[PDB]
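In the form deposited in one PDB entry, a lone chain appears below as structure tokens.
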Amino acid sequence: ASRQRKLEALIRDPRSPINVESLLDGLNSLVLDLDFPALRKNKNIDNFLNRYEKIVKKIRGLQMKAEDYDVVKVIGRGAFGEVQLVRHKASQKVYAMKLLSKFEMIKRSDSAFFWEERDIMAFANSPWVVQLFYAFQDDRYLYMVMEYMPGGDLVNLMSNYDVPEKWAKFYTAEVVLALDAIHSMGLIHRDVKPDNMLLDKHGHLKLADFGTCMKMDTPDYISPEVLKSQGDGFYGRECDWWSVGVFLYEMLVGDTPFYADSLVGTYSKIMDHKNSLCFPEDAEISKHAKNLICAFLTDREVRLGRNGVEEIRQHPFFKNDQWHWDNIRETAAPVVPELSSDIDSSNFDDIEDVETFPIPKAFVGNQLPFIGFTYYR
């Protein structure tokens, strides 16, 4: 009665683990996990597969797949895969496509980070967060089709420009609002660095790579609390604000505040931040700028953005003739990328470069961890 309506409503909902796409993943995964000669000696398994052989072929053909896209260039490599500039053959539309290796994720006991990353991108519904259009999978890989950010990352920008203060003010403010959005979604980022900051066709910020994001209840940018925790300890949204401090320093000064040749040296410097933070005497930087940086680069307890974002927004470093907080993203960016075509990847550095699951002797469920991943916007 109402029960059939209730159940139908669960299945309709795109956030549901039992939506149509998830239920299909369930089927595809089961077939992938069971379709091996050794396992088909079991008559239950063999007859099941025979019954569902035809229909699962049909589905694989109809459903979205890697073959539906043409790979133009690899624009990123990461711990568990790569990012590809692609074009969808039919629509001719250009996207960024993130690939994640199932084998590697399983092998290296790390097979749950993608869920929040997927959800953030699918559902944030925010101009500070990169949009996911499609998520799908093969037997080897998870794929995430996102909107292509042709302006490249902030690491790129800082390496190709001496950044004046007015620019840094803009970018910092955009990072501030972006992080606030993430925080509103109940998330701590945990890895705010310019590698994870991307510029759109109009030179405006969007955040990408949400692989460290956690739902609330490289060391250069890590905060002292997070450092001391990992030997347990707990921490909050203020740890991201530390990283903004670092970011602003890097932009204005051009080196990282706690740079050392080794990683251990850097940790040691960060821990000793009260003494180690020194603005070089040749650095062309305002008092307000220095003030803000220092406000961020304190112990967790007294750090700017402990009492939320307003105190950050109200800081006088951010005073300017060009933009307000309510309209910054709708204003002219410092650097609008000059792009020659829809596949222009000039703001992305070139990249130079496999093993699958072994054929199992019994049921092992290597596809089980990824049931639910598929998403069609």
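By rigid core we mean the largest C-alpha set that fits within 1.5 Å across both forms. Residue numbers count along the first chain shown, from 1. What changes on going to the form deposited in another entry:
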Given for the second form:
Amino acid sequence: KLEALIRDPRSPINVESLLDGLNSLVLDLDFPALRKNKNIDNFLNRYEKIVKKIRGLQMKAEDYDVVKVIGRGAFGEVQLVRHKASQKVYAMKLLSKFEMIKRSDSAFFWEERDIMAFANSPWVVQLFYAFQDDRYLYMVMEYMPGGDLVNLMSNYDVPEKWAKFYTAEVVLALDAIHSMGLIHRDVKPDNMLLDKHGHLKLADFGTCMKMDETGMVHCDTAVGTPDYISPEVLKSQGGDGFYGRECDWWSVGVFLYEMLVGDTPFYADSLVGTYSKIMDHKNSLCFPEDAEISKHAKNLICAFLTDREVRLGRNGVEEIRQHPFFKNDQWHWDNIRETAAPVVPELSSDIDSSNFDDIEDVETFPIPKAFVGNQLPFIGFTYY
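Form deposited in one PDB entry done, so how does the form deposited in another entry look?
The following holds one chain only.
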């Protein structure tokens, strides 16, 4: 019953996890200081030359042409790449191993990898390959050439007919995430990407957490992005948070406000002002007088931007769907991803990156004196 798990791609002990373990053993011991131990050198003698050969046969960063950097995050960047052997175009996310360990979070990527690898959903960016080298994790994803929703809003004045459509796709994308047993926690326009047809997919699942059997999570850390974080996730900081998927619906209200107003509803000059605007949302949420927002739109926004106990969506997404804001002549909840998107991108090339702004232009581990094992947390990341 064990040879199933060697073949199983979700298994901790498949062939590509086993190779990871061999490879990281060689990397965490091959130093002059540690080769004064003869056990260690007895191993490096036997294996160092075949481990270097298989390193050449495994997928590596040098198999790709880097065309452009199109995204950045706390621990790395996203590159537009072309696989040279196959000429296929991809988006490749890099995570710095030094910076994930020097900042003591080295476990978020497991859920990101598994969602994109296995969600098999039209609402989730698909992952094709995960591999690593001694400095970086790599995630090879389908390239989303329509750009993200930040870029769309900066380029257009968004009519309600459009916000209607993008809100609905976000709602459906989040509903699919929830049905996998996950709360997103970092829903925002930077995480919402558009494919060649102008339809949405979610991309940055670094904050995702699996729910209880009650549909709740225990968490004592505020997570996500300051403009979009919900009161209950903010309040959970140091305070035994116990909350459900409806935190994601709060971020949908912030998104819809930003689309129709032009600004986030809790903008402040400082992070702590934003945090205190959010805590005081019953009085700080205020629509600009010159904002010609319909009354269905204002109602849906205020129905999302309240406390969780009365938040639209607390009881399920059917009550979101029937909201009159969503009445329209272009799409149904049943077929929206098969209808014409509001902005279909005009693409000049299979590496057209015109919907992404340019981004401009590292530290490494200290040579160890004893066995530290900096590569052990990344064992099992490789995936084909």
